[PDB]
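As a plain string of letters, each chain reads:
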Amino acid sequence: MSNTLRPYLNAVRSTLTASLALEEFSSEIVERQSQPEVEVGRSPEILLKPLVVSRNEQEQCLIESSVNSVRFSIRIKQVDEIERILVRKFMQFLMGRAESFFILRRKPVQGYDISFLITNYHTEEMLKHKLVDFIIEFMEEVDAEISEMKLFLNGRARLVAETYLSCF
Amino acid sequence: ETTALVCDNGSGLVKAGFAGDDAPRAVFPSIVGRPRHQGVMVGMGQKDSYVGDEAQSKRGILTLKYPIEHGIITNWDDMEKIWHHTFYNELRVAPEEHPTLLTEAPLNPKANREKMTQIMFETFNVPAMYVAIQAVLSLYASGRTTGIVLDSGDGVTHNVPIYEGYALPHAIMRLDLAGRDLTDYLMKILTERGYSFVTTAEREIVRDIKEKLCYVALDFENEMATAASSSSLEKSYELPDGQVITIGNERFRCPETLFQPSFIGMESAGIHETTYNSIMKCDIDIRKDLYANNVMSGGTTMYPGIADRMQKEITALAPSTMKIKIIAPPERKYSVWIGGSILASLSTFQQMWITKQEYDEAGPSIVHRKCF
Amino acid sequence: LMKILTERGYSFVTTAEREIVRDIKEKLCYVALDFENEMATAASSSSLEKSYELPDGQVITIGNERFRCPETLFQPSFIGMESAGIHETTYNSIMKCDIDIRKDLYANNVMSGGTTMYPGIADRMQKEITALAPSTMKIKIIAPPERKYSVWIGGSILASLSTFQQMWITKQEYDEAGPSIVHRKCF
Amino acid sequence: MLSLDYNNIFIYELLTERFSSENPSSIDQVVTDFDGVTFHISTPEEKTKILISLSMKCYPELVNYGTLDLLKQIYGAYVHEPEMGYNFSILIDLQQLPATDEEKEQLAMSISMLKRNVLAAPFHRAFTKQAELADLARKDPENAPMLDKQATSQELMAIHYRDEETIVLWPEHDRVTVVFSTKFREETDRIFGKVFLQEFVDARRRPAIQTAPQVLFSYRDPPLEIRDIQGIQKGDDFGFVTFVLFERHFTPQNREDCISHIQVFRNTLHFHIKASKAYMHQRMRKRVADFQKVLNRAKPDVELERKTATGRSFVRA
Amino acid sequence: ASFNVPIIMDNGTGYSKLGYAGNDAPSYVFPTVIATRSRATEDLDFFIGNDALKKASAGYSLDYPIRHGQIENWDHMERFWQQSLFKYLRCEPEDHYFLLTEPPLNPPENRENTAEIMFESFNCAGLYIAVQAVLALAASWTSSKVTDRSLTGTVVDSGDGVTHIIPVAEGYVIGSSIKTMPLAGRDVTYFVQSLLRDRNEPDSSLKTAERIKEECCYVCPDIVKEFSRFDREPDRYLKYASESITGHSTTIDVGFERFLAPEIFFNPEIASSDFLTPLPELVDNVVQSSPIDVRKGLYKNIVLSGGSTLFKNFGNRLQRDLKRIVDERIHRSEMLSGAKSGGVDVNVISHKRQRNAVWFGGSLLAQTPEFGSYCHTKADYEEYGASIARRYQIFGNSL
Ligand SMILES: Nc1ncnc2c1ncn2[C@@H]1O[C@H](COP(=O)(O)OP(=O)(O)O)[C@@H](O)[C@H]1O
Ligand SMILES: Nc1ncnc2c1ncn2[C@@H]1O[C@H](COP(=O)(O)OP(=O)(O)O)[C@@H](O)[C@H]1O
Ligand SMILES: [Mg+2]
Ligand SMILES: [Mg+2]
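Protein chains in written order, with the authors' numbering: chain F, 1 to 168; chain Q, 4 to 375; chain P, 189 to 375; chain D, 1 to 317; chain A, 2 to 39, 67 to 427.
By construction, these hints were calculated from the structure, which means they are not laboratory data.
Positions of the beta carbon are idealized from the N, C-alpha and C atoms, including for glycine.
A few of these clues could be false.
Mimicking DSBU-like on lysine-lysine, the simulated pairs with C-alpha atoms at most 30 Å apart in a straight line are [what the hints assert, rightly or not]: (1) F:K77 / A:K173; (2) A:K82 / P:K315; (3) F:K77 / D:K293; (4) A:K406 / P:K238; (5) Q:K84 / F:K89; (6) D:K234 / F:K107; (7) A:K406 / P:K315; (8) A:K173 / D:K47; (9) P:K191 / Q:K61; (10) D:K49 / F:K128; (11) F:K77 / D:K139; (12) D:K293 / Q:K359; (13) F:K128 / D:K307; (14) P:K284 / P:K373; (15) Q:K61 / D:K57; (16) Q:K50 / D:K286; (17) Q:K68 / P:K373; (18) P:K238 / P:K336; (19) D:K274 / Q:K50; (20) Q:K50 / F:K89; (21) Q:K359 / D:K47; (22) D:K57 / A:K368; (23) F:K107 / A:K406; (24) A:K82 / D:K286; (25) Q:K84 / D:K286; (26) F:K89 / Q:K118; (27) D:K49 / A:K340; (28) D:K57 / F:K77; (29) D:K274 / F:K130; (30) D:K47 / F:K89; (31) Q:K191 / P:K373; (32) Q:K113 / D:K129; (33) A:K115 / A:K83; (34) F:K89 / D:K234; (35) D:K194 / Q:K373.
Not close to chain P: a few residues of chain A, all C-beta gaps over 10 Å, as computed [to be verified]: (36) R139; (37) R177; (38) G203; (39) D259; (40) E297.
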């Protein structure tokens, strides 16, 4: 969790809080319309350069910013394939309820497992000095959950094995 | 690698930290407790299970179960929960980035060792791990190389004589009387004065009573005769309920169970006779040195005046021509940890790990043929 | 039983109604062979309902409370105790004994005391101890019909013995040993 | 549910309904079971006559093992010549059933329990051989090892009921050891089955359940006695769980339950893997809810006026 | 090679009808309800169907996963499927092909979730999703030997949770004409329960209302004339024997409900204000919105479906109302123009498989060899992701 992820976590925090200087901006190709500019990528003069934060080859933090919208996709550790399946299913459930989260994408960008997307409106109404707090909190708690759920798998396997075998 | 993990997963208490440090970063009771009521409240963050210090603090509405019984883990689910707690909630370091050192009592079933190694390698994916005996750790901590070690803890008491750099596995004596049995006997003999302790919370309270009041006398008959004129021996304790209880001859009676195991109805030698037999089982040429080096270790050996009485009994048993000396450092409560850290911070120890690449190519039986 | 009688609609507060409830438990309460199935059967309250006549002449009816309160013996958590049932405590006491003395402990269980007179308690205890104990050997329960006064019968038998007279605590011993003679004389 | 059922529930319910009924009706339904076994129910000849058929890929090996006689003395005179496309067939007419209700119920249960009833022939044969060797060894203790070896050689029996499963069973003077050649395709199934099998081994070890038959599992290598047996690949991806059934485990009062249990083992393991998947689903959603709780910060307090129920404030003030 | 027989699932609002392809009847027709608590872990202590119904007061709390045809809670649905498959149906998922059905007008999200549950929790060989109707058209024709398929008509599928009026012309389903009324057997069951409530009958359990429909209710021409007939005729006053749990011979005196309940279909104002168009008028609108050339085929063949269309005189009244409305429109056109016409006839058709027409149509369809090619293979799912079945096809055009 922490006491363990200081430099990576603080680098992500600083980069995210620096990249969240959004602004209301309409569409330069369609009139009377405004769209998240990071997702469309049609006007390159307002798209800041993509930025990547990493701690190890299996952990990355792609930070793509724009004038109004910021997309922030991360990779979390999957040491063994058990954690691979657990991470995939858990993060699918996480993104399946993006309606009540307001900063999630229903489908992550390829080569990743989750992609946040903070449009202007979220910074407009929701005070954003704890969106990053939620970000880092999730980035550590997710590994916590994966470990706990694999423990629960082992426990249930033990219980069912005992229940089956005792009734000879 | 900068530092290596090390965890003393003892039966009653668990000690964890980094190799080379001189202070336990994390010590919490090895307790996993589940609620036993309804919770008509709303919210409150209903947590399914509380482990460690949280369970010790909220024992009012919880039932506590020790995963390790008599040094053998019996609830692997609770053991995994405790290891997860140590890794994430208190030390909060990723297991996959730190080799770990574990401790297991001698003469335990091989199933315990194999299962522990497999769990650490697969469920936690540690880089490397090692399993060591308590007596070797005690010798490492004390700075000695020769001397029989008495390791009395919460779960089991064992003796492992070790000459200069060599251990005699055939002279290892293991006794299943320990702090938990002493606490149970104290609970049983506190009933004769009226006070009754039943639930696990009462068991922890009695453990605190034994912590703060129990001590070992010098001569049992003389101490009982003195207690007959019960004038200047009784003490008082304050329960959390606020009621004050008085303690008497049972203040020192229950520590004597170590020296007279017949008190709890078990036919075995005391912690002095077992040491004498363990020394006599060794070669004759090394007894003259093992007598001079008696090592006290573990939490149970923290009773006041236990060392003096044990020295008296061993001197009585042994011939008078050769002197008997017993040693007990004031920090012997964490002697096992100190030895473990000293061993883990040794350059010559770097090639004695068990790496994952070594483990997966030989199965979980590799621990038997490498660790010990 | 007094606590659970309130939900039906009958209130029994002071000592007189406490003795009344005790008399009710004498004649109505019984121990079911199994708990969940009997609780399910209580829905079809046909053969379970019973009527009792209070001293005031008011008739009361009782349903699942007939076997709900005697079950507390096997489930001490009902009254808020973190202890084991009678069968579990008996099994633990047997297990704590020596290895070769469990033959007679399993083959000889003495059912004594007034509370052990419930209809069907012996069968339930036998089934539970059979379930916990290994199935290799047999479990027997000895339940004499006069087990209510078994303690007194045994006391009379012991007092009538021709070797017990040497073990009496005469007043002569007490006149010099104080009141502590009983500690080291009896047991 | 924790334990899988031991027979086909549909057959049991259908038989009970048609036996307790007064007006039978023509039926033609083919029903599949676990492990590829298929059952066919039809009434071709008479409305009161019901024919039930069994399909199994390994049935000829059962015939080789001597299952026809066991089926005959199990099902009495009910035996009928097999139908096309099926292995074992039975024809039942409602006009000859016993009047007593318990006989009808036990007949329905027995017919519904046809799967293990036909699959238990090797187990019965192994038990008879075990009794023979037990009495022969009791005749002279000094004659044990050579007869034990010759029984391990000659009486070594095997069967292939799935293409990734195998039972290898052989008797002895005191035990009847059985080997399962478990293997799971559908990668995630094997992924969870690794943990399931590892935990299943440990179980026996625990002193809590020492009364159970001894288990022995070691992947990437088969036991000594079955490397030369045809059909056993040299540890490609196949595990090998071995149960050692001693004399006490098949006492004359516990043979049938043990047979059914050891038969249903693999299906129980599969179903419980699926149940574990569901357990993940529910826990994972249950506390991604907690993550949503953690997120629900960063929302300044706002007030909704009424939003009473199934409507919009139901009032203008 | 020779595949195993396909499995015909069916998850209705009230009843779920499992079974196999080629069978002459569903193997199981049991309510779509799961019992659940709130030393087996709480993960597995669940019962479904009749077992759940009997085990209701033993410590479980029932819950219906499906309402109005759309699944709300997913734990209940997945547990229902696993219990069915591994307890009653007794099949291994990896060696069979499934034919799921679900009502139209469902969100694509529900279909995506169903597909991902089926191909991840179970991962069967193949999954095919069909629209509750269609199968109704397939099962409409009885003597389907080689040629006598109508292939053009209207299916009025009225069930427990929601009713659907779907026109079909030469096989293809015209999406733009699809319309759905959110009233079905459950709403009229609640109405019957309320009618028992107002009369203060000794027993008013919902199962009592269901049985009261089962052997009591029938459709009537009009409400005021039926009320007058009930006042005059005294033998239409029945007393249904309840025997709920212990109330032996507690007869329930039924009344005007017997004709007041079925009238909701032809007068939907009674149920609620969410809908106000009577069923024959709505069917007329559906047929008129259809292309002109297929109106004759739509009117000629009307197929009833579901268990809620088994009311006596339901089809007669529906046909009478539709025929009257179409005659009114045709005559209006005639006096507007001044010429006679041959007119159009209406034949509302009921058959011997009304209750489970959807299941029977699915079973008849699955036996066709070409059905296998239409299924979603597991390789396609693992390649194109979990959104392979989200493009909704029958109603409306994508993009
Ligand atoms: N000062 C003390 N006086 C008496 N008993 C003590 C004292 N300190 C610890 N103990 C007993 O020793 C036990 C500590 O066990 P511990 O030595 O941690 O076991 P392990 O060596 O297996 O880790 C406690 O349960 C406690 O009852
Ligand atoms: N004989 C009947 N007459 C009228 N309504 C019925 C009759 N039988 C059942 N119903 C009701 O009609 C519903 C439709 O049955 P079915 O098609 O199986 O349900 P679903 O629409 O949930 O798939 C039943 O659930 C029930 O509420
Ligand atoms: Mg220790
Ligand atoms: Mg329906």
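Hints, one by one, checked against the model:
| no. | hint | verdict |
| --- | --- | --- |
| 1 | F:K77 / A:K173 | violated (60 Å) |
| 2 | A:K82 / P:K315 | holds (27 Å) |
| 3 | F:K77 / D:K293 | holds (24 Å) |
| 4 | A:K406 / P:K238 | violated (63 Å) |
| 5 | Q:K84 / F:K89 | holds (22 Å) |
| 6 | D:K234 / F:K107 | violated (43 Å) |
| 7 | A:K406 / P:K315 | violated (52 Å) |
| 8 | A:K173 / D:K47 | holds (24 Å) |
| 9 | P:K191 / Q:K61 | holds (28 Å) |
| 10 | D:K49 / F:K128 | violated (77 Å) |
| 11 | F:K77 / D:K139 | violated (65 Å) |
| 12 | D:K293 / Q:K359 | violated (38 Å) |
| 13 | F:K128 / D:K307 | holds (28 Å) |
| 14 | P:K284 / P:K373 | holds (27 Å) |
| 15 | Q:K61 / D:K57 | violated (60 Å) |
| 16 | Q:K50 / D:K286 | holds (13 Å) |
| 17 | Q:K68 / P:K373 | violated (40 Å) |
| 18 | P:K238 / P:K336 | holds (25 Å) |
| 19 | D:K274 / Q:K50 | holds (27 Å) |
| 20 | Q:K50 / F:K89 | holds (23 Å) |
| 21 | Q:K359 / D:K47 | violated (68 Å) |
| 22 | D:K57 / A:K368 | violated (71 Å) |
| 23 | F:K107 / A:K406 | holds (21 Å) |
| 24 | A:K82 / D:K286 | holds (29 Å) |
| 25 | Q:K84 / D:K286 | holds (19 Å) |
| 26 | F:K89 / Q:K118 | holds (28 Å) |
| 27 | D:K49 / A:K340 | violated (35 Å) |
| 28 | D:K57 / F:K77 | violated (46 Å) |
| 29 | D:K274 / F:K130 | violated (39 Å) |
| 30 | D:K47 / F:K89 | violated (52 Å) |
| 31 | Q:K191 / P:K373 | holds (21 Å) |
| 32 | Q:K113 / D:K129 | violated (36 Å) |
| 33 | A:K115 / A:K83 | holds (17 Å) |
| 34 | F:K89 / D:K234 | violated (35 Å) |
| 35 | D:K194 / Q:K373 | holds (25 Å) |
| 36 | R139 | holds (40 Å) |
| 37 | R177 | holds (52 Å) |
| 38 | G203 | holds (51 Å) |
| 39 | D259 | holds (41 Å) |
| 40 | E297 | holds (41 Å) |
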